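Shown next as structure tokens: one chain only, the form deposited in one PDB entry.
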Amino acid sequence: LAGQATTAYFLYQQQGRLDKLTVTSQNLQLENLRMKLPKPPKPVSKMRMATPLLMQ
């Protein structure tokens, strides 16, 4: 009689945890692909730095 409740109790928490676990796994696996990327190069945009002078 209690088996239905117990199974759903196990079923609910395992499903909820695993759904978020799959997402954080696939996204983690996606971070590995990003970390394996060839490190794109330096663009042509160059931020400019002012040149301070001495206080005489």
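Numbering follows the first chain given and starts at 1. Superpose the two forms; the largest set of C-alphas matching within 1.5 Å is the rigid core. Only residues modelled in both forms are compared. First, how it differs from the form deposited in another entry.
- With the core superposed, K46 shows a C-alpha displacement of at least 2 Å between these two forms.
- After superposing on the rigid core, the one stretch of 3 or more consecutive residues whose C-alphas move by 2 Å or more between these two forms is 38-56.
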Given for the second form:
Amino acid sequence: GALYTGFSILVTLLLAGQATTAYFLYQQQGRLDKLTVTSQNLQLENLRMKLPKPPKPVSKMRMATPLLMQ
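For comparison with the form deposited in one PDB entry, produce the structure of the form deposited in another entry.
So it's only the chain below, everything else dropped.
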């Protein structure tokens, strides 16, 4: 009876395929976790684009002036 021999190969191939689905499913969760961080870091930038900062007192820089060649 080789019918049970046939079923044996199918189950092993079926479980081998399930390993591939698990590996790629775990692989994609790395992208989503990385994409989530980038998306929310970009949201933070937007939030700061609409908020100014209270200015500090104005102090002028100083310079030097050259002279004239007679």
